[PDB]
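Residue-level listing of the chains:
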Amino acid sequence: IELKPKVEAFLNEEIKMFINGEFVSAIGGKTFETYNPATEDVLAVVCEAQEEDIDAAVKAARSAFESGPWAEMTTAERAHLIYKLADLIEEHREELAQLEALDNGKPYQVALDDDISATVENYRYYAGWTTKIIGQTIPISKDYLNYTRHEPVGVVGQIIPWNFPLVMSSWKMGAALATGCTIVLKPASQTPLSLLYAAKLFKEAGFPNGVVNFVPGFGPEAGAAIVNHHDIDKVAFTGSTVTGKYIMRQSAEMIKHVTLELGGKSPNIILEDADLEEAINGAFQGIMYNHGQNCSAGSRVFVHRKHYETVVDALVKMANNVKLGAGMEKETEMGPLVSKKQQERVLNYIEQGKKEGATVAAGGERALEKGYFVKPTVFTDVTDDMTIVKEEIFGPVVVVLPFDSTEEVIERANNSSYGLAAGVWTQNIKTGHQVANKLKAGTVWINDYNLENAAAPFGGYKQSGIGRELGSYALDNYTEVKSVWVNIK
Amino acid sequence: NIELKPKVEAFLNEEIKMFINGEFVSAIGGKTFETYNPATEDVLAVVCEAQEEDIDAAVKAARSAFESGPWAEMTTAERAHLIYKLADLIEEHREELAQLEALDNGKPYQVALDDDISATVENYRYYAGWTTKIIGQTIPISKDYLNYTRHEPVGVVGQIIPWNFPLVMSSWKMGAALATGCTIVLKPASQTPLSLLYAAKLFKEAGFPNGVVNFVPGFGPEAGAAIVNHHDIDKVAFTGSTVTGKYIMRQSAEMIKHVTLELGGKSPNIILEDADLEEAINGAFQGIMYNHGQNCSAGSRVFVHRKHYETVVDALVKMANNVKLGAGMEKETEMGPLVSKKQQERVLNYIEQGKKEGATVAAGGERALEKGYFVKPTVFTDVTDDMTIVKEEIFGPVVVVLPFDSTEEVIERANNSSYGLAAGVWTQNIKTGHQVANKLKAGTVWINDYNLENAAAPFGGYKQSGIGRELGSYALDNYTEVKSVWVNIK
Amino acid sequence: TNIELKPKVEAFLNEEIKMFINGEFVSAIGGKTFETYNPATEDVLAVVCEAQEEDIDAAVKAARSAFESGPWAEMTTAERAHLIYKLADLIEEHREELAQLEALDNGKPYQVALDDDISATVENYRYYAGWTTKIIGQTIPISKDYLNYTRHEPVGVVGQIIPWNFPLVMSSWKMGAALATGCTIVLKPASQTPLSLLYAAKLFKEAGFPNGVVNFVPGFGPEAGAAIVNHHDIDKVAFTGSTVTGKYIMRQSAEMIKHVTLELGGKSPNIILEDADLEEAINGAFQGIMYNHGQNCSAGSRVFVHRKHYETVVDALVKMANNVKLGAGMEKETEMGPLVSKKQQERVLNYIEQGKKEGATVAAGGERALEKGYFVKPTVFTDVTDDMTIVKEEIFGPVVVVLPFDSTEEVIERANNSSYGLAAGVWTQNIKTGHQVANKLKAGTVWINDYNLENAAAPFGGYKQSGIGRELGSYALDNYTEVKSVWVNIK
Amino acid sequence: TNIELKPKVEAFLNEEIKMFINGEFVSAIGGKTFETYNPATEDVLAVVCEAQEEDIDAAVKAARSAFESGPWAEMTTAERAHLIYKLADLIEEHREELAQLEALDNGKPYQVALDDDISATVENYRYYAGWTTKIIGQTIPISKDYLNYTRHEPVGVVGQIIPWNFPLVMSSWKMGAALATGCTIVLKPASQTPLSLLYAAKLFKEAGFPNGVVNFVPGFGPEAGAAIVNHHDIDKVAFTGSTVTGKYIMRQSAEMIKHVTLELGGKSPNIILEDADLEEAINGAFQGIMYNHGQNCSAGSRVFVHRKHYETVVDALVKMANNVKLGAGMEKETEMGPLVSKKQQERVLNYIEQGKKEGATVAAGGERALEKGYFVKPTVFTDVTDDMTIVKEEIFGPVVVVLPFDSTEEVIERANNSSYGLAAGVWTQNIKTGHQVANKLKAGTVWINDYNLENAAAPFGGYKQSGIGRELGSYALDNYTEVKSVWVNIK
Ligand code: NA
Ligand code: NA
Ligand code: NA
Ligand code: NA
Ligand code: NA
Ligand code: NA
Ligand code: NA
Ligand code: NA
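From first to last, the protein sequence lines stand for chains D, E, C and A. The first sequence begins at 6 in the entry's author numbering and counts up one residue at a time. The second sequence begins at 5 in the entry's author numbering and counts up one residue at a time. The third sequence begins at 4 in the entry's author numbering and counts up one residue at a time. The fourth sequence begins at 4 in the entry's author numbering and counts up one residue at a time.
Just so you know, not all the hints are guaranteed correct.
Label-pair restraints from in silico Cβ distances [unchecked claim]: (1) D:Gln-114 x C:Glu-412: 30 to 38 Å; (2) E:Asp-409 x A:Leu-8: 52 to 60 Å; (3) A:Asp-280 x C:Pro-225: 56 to 64 Å.
These are calculated hints, taken from the structure and not from any lab test. Positions of the beta carbon are idealized from the N, C-alpha and C atoms, including for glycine.
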């Protein structure tokens with residue numbers, strides 16, 4: 006797939022940060038390389054945000070929050086900006102899909118059909134909420150007017166991971182912007198480009214200077230500078246547990262509100278009365294979608310004893326059938342993992358799996374001559390206490406586990422520190438809702454898997470997170486509630 | 005002297021048991037501590053002291069009660085009725101409970117009765133009403149799915165409360181939690197265990213299932229920490245000091261555990277040029293002096309437009325000097341002692357720090373009476389924004405009075421603070437009142453009033469005064485996990 | 004085995020039954036009275052004061068006063084809630100007395116009145132007590148230059164009229180929501196069944212309701228009912244009953260641009276698909292129509308059965324129908340009482356005769372029962388077609404039609420081919436089928452694998468000609484408020 | 004100086020104006036046409052196809068089919084949203100064309116049409132686009148045995164009738180809410196002002212609305228109007244306009260138990276208290292009435308003035324009245340245009356004559372203006388009492404009565420002593436007085452230190468005989484929704 010002219014021009018120059026409505030270099034001039042994970046080549050050279058750059062972005066966001074058009078605009082004017090931003094992203098859909106394929110590694114056609122569509126729709130959806138963020142009037146006494154206001158919290162720092170780089174930026178920014186906050190946001194070092202391209206479109210849509218500030222760089226410097234900044238009012242992070250925990254401990258010092266979206270080890274449960282054809286397809290897609298680089302991937306596939314060997318046989322064939330290649334080549338179904346480090350991590354987990362006694366029924370090694378490719382992998386002969394069953398692998402790797410009763414699968418499914426999502430396959434109306442009610446996860450799909458939409462909340466129970474993104478629910482993260490009492494005698 | 009109620013005598017005449025799994029019990033290791041009467045300094049009761057092991061027993065009971073048996077299976081109508089029967093019982097025991105508050109915490113009995121017990125009753129009545137009404141969403145996305153959310157109780161919640169409004173504080177924790185269907189492990193402050201441990205009898209009589217509520221009296225370092233660090237508690241909520249608030253957020257990180265915190269303040273109470281001055285003088289005085297200043301949302305910075313500053317200082321000084329200090333169980337008392345010797349010493353050292361930095365004690369500024377933990381109502385003037393006493397929460401009957409010259413100036417100076425719990429604004433102008441309310445960074449703003457709370461209105465801090473809200477519908481969301489269910493109907 | 008009369012019921016019934024206006028038990032101004040009957044025995048059960056247009060006037064003036072000034076107008080929402088809760092506690096204390104009154108006056112079995120009606124009544128008040136403090140409006144972010152807020156103000160004096168089939172429960176569907184908003188109430192019970200409401204007036208008084216907040220005016224539809232409908236100073240009307248009256252009500256309400264809520268009748272389908280759990284569906288189909296003697300607006304009076312199970316379900320329905328124990332509501336043996344009046348017995352027996360002459364076959368029942376009182380046998384009609392009178396029209400008795408079908412598309416179309424739309428049942432074990440069918444039925448309530456469930460928290464009301472508006476739930480509140488949008492210029 | 008006509012406007016007016024049915028521009032089946040006029044010149048402005056009963060039937064069938072099957076029924080909520088936002092974008096792109104059509108057909112000044120009416124229409128659609136994905140029902144925690152959820156389903160085919168005073172804006176107040184719920188529409192504009200709607204139909208098509216989702220049927224009350232009101236296959240009706248028609252519509256809707264929303268007239272009070280900012284309140288009182296030539300249901304047609312200020316306010320209003328520049332809407336200097344028709348001018352002049360006959364003083368104006376066109380001078384009446392016709396009745400012209408008062412209790416009582424209750428204004432600097440007075444005024448919208456402000460997000464509608472129900476805001480959606488309560492047995 007030949008590069009669009011605007012992608013070629015963008016990549017032909019150093020990639021600048023976006024602060025206070027301007028494209029700028031890091032103050033101290035540092036740069037870093039992002040790669041193409043299919044070729045291992047340097048894809049661009051990007052300006053590297055340091056602490057002093059974050060502090061500049063924070064002042065920019067503070068000023069835009071406190072005075073100027075953003076602080077003065079009506080809600081309808083604010084909605085219109087977000088709507089225009091969505092339209093612009095849709096206009097640049099092929100450019101942005103190419104950058105995602107190039108920079109992240111995923112198939113261009115998927116980045117275009119799924120990731121760009123979702124980002125557009127998320128911004129459309131949240132433009133909608135700007136004029137509808139309502140407080141209460143509260144009837145207490147004839148002597149007072151009691152009302153609440155849902156005020157924006159102020160300057161928000163946001164950090165996102167590399168698996169759905171553009172989409173993830175929209176999960177953070179659509180709700181935050183809709184409330185009237187301003188933003189200092191950091192993309193992942195592996196994937197800065199789609200966001201920094203999208204910056205052009207915030208400027209074009211007419212966002213006032215400093216409303217949005219994009220600071221690409223590395224967790225331990227740019228990331229930690231966001232986490233530790235005294236003038237950031239609220240933090241939101243999606244990423245590592247270790248980083249999640251760190252963020253929470255640091256935010257303690259300022260009594261700062263945190264939203265976290267972390268990992269999972271989500272179960273996808275095939276009951277005796279499932280439509281087995283459709284469940285097999287849901288189980289396969291459930292783990293293999295986005296190369297398994299998906300926090301809510303259905304990495305534990307629980308299968309009723311009667312169907313266990315049927316599903317294993319089908320999963321093995323489908324895994325071997327997947328077409329691996331560069332995301333910018335048209336026949337590719339599954340691209341490489343994002344980095345050498347991730348490839349080595351996923352291959353390490355496969356070795357640990359075999360070491361602990363499990364059997365690789367398909368895959369279980371690297372693929373192709375170069376690039377960070379891993380073959381789709383199916384593990385079988387697996388038990389609940391194995392490392393590969395307990396821990397999030399974050400690649401195209403599924404464990405398949407038989408079970409004999411519904412009480413049992415619920416227990417086993419819930420016996421996890423994680424609780425991001427779950428799938429249940431059954432044609433029975435009672436069993437579907439009953440099993441859904443008892444699973445400890447933020448999202449349950451009945452007879453489907455991996456569905457997300459702007460309108461429906463997503464987040465973790467237990468150690469898969471604190472709080473919800475998407476829906477009306479996301480808005481509450483970026484608001485402070487003021488209770489006003491007017492003595493009316 | 006107010007004579008002790010028969011049921012109060014009876015209660016005080018034996019060891020005060022903790023309440024676990026529906027039973028009154030001693031600590032497993034038999035440890036006990038003393039609570040005191042702060043007006044007299046005498047030992048008031050001997051109370052069973054919860055240790056780590058007793059928190060574990062409580063958590064096990066709450067877990068069991070949550071996962072199966074009547075509390076798990078009950079309809080929301082049946083749950084609501086339990087909570088309303090509890091409120092009715094507390095109301096029947098109102099005199100006994102108000103006496104225990106006056107005795108244990110130190111506040112005037114008639115205020116405990118008219119304010120504290122009344123609010124607790126109303127907070128439970130209000131929350132009983134929410135059980136049947138904690139609704140999720142059905143979400144129109146596509147003709148191919150039913151999309152709905154469930155607001156599920158989060159599970160066992162651990163709650164820690166302070167000593168300044170002991171019983172009311174217990175109700176701000178438990179009303180919302182219980183309405184959601186959570187089960188509870190709650191620790192009263194070691195200075196004020198008694199009203200809660202008495203009210204325990206009422207939960208049992210109301211018909212609460214074993215283990216749905218569990219009260220574990222003791223100390224921050226042991227009972228407190230055991231709640232904070234317990235792996236099987238799903239969610240924590242705390243009201244109290246900042247150091248503990250930070251500690252609790254820090255520790256909750258290890259479990260990715262949701263935290264709600266209600267912390268202290270340095271709340272401004274602002275008298276503008278067109279205030280009704282007589283009303284605003286009364287509201288400025290009551291704003292700080294109510295509950296002996298032991299009030300996180302106390303109006304401890306009184307900002308007074310230059311035209312009225314001398315007039316207001318003069319009045320506050322006279323009012324301060326006239327307040328009648330005495331024991332909470334003496335009928336003539338207007339203000340009781342502080343809760344402890346340590347608090348009295350804390351406040352008095354703040355006062356000394358204020359004099360050391362150049363402020364003037366216009367009234368008060370010393371201990372009171374021959375015994376008990378009393379501090380005189382104190383008014384400081386000649387104060388500047390950089391002074392320790394104007395920055396930090398004193399938590400006694402100590403007010404600073406600051407003049408100002410412009411609205412824009414006072415809004416800046418009111419907001420120049422790490423705290424953001426509450427604020428008051430006094431002006432007769434409809435545009436000024438709302439404009440100033442809007443610009444203040446405070447979780448509650450009163451226009452032409454101060455210190456009003458009601459179960460239906462949320463309360464809590466911006467900035468370092470807290471995370472989250474209590475009261476209102478808003479409190480409920482702390483105790484809920486949201487589950488998004490997608491049903492393929494293609 | 005006769006259920007023994009509560010002493011309090013015997014005392015109530017030993018005197019003329021007064022109406023309740025402005026806090027006091029009073030006679031009609033003109034002293035007219037009427038008779039209510041015991042439909043099991045046909046005896047006079049009580050003599051009741053008959054409200055005339057002038058008694059409505061006095062009730063309306065009393066409600067107006069209580070709304071505009073005095074304790075009901077001044078009370079906090081907490082205070083108002085507490086009255087409503089205390090009323091619910093009093094009803095629960097008098098549960099036996101009230102259930103006997105239902106059984107005597109209405110006819111239904113005592114145990115059913117106690118377990119169902121009285122408990123629903125109590126729960127309805129407790130649920131709406133809970134709303135008083137939670138009737139919130141909005142603050143609306145538009146511009147920095149304005150504060151924009153709404154108030155959900157009580158409409159004022161509300162006129163309510165209720166039917167005889169669930170006398171006390173129906174009073175609480177009207178008053179719980181109206182009282183929660185802070186309205187004041189002029190309410191007329193059915194001439195057939197005045198007594199449980201008038202007994203309950205004691206408990207409003209004991210609970211501490213201010214004078215005039217509630218006013219109960221027993222009498223007939225053409226005098227007392229019409230008076231409430233036509234009264235210039237009633238702000239809003241709510242009615243449950245006959246369509247012809249519902250139409251009249253809507254027509255008269257035009258003249259004053261008055262908001263109307265209507266809950267009307269139905270011809271609700273109860274649909275057994277091929278993959279139904281036949282055990283529970285057959286029980287659901289039988290209780291769906293026979294509950295309350297078929298005197299139930301949302302009765303499942305059309306039972307559609309997939310061709311595969313048609314014979315099975317017809318045979319089982321006929322057996323159950325023939326096994327029902329008919330008798331007095333105050334005899335412990337009774338499973339089904341009489342119909343409420345001679346007029347209604349005659350109406351239902353007319354429909355049955357009409358069903359016979361249009362060609363349908365009575366597979367069970369189809370006639371009067373026992374030696375006295377207004378009893379009709381449980382009746383099952385087979386060999387029916389969709390254009391029959393008995394399949395189209397509401398019968399309001401223990402009369403079911405059974406219709407086979409061959410495809411899901413077909414049953415949805417036939418179920419929906421009705422001017423009514425109150426309720427529907429769908430029996431299928433399939434998770435996709437249950438929701439899809441539920442989505443496509445035009446009915447205010449759809450039960451999936453059940454039938455006849457109501458709860459204070461879940462709204463109820465008609466599509467099409469089964470009504471306007473909803474009762475129960477948070478939804479009922481909105482009928483009793485006017486929304487006021489306030490703009491405060493803040494520069 | 005004349006505003007020069009846009010090319011697209013000339014083009015549109017150079018042919019017969021077709022109606023819009025099932026996605027196509029068509030003539031009336033029987034070929035009837037009617038004339039609309041330019042009320043500044045009294046010239047024929049356009050010839051418009053006239054919908055008859057038969058054309059209404061065709062629009063209803065198209066809407067029915069669009070509702071039951073096809074893209075509109077199948078589309079996601081995101082897809083439906085996007086159609087609505089794109090419509091808003093198109094309207095904005097054609098803002099000058101649409102503003103000219105409004106100036107020409109309705110009368111109002113071009114620049115006000117542009118800045119106010121067109122901006123409000125655009126923002127209305129953008130607001131409602133945003134609701135499509137957010138129309139949520141409830142999950143309701145009752146028992147562990149059931150999942151209880153509600154669906155807010157679109158009612159179906161909706162019949163809407165709008166007046167001539169804000170033609171395009173009024174069209175958006177009906178369709179934004181309705182289309183956001185998934186309903187389909189048969190909408191009739193006023194015969195006096197059909198053009199802007201029928202121009203806008205081109206933009207519904209260009210946005211990509213499926214065939215029959217919207218259908219525009221211009222014509223006359225007694226034929227087109229009545230056919231919408233009386234149609235058996237319209238599910239719900241909404242109307243804005245006269246009282247006599249409002250009452251007709253409610254009466255006719257009884258026959259089908261059809262939900263009705265009415266936005267009717269007012270005689271709204273604009274109260275200037277002793278502590279008002281007097282300069283701002285005089286400007287608010289003058290604009291409250293004279294905006295849109297007084298052709299405004301919520302016009303502040305009763306200016307109450309505290310006695311201290313009475314003379315001052317009278318003198319100011321008189322000066323301001325006599326200073327308004329009357330002229331054609333398409334003339335750049337015009338501050339106020341003519342009334343919409345000869346009949347309206349005659350009505351307003353008949354009112355003014357009644358006021359004189361009853362003893363009131365024409366302080367300014369009170370007669371027609373200019374050499375042709377339906378102009379009336381801005382008119383100020385003094386020496387007025389509460390019982391006069393001109394004080395009680397809605398005149399719908401640029402005519403104000405000015406009433407002195409002496410106490411706040413007095414002005415509230417006199418303000419509320421009306422069958423109308425659409426809107427009110429209160430002018431006071433005092434924070435307690437403002438909210439207190441606002442709490443007591445029986446009106447759907449209360450402005451404190453302002454007047455005539457509307458926004459898509461803030462509900463609007465009448466207390467008493469000013470209406471039933473609310474338009475705008477979240478509240479408007481409920482009128483277009485049937486609530487279904489689903490119970491899923493999960494035992
Ligand atoms: Na990369
Ligand atoms: Na968590
Ligand atoms: Na103590
Ligand atoms: Na905070
Ligand atoms: Na009777
Ligand atoms: Na209807
Ligand atoms: Na015209
Ligand atoms: Na009305």
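Comparing the hints with the structure gives:
1. D:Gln-114 x C:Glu-412: 30 to 38 Å: holds, 37 Å
2. E:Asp-409 x A:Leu-8: 52 to 60 Å: holds, 59 Å
3. A:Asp-280 x C:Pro-225: 56 to 64 Å: holds, 57 Å
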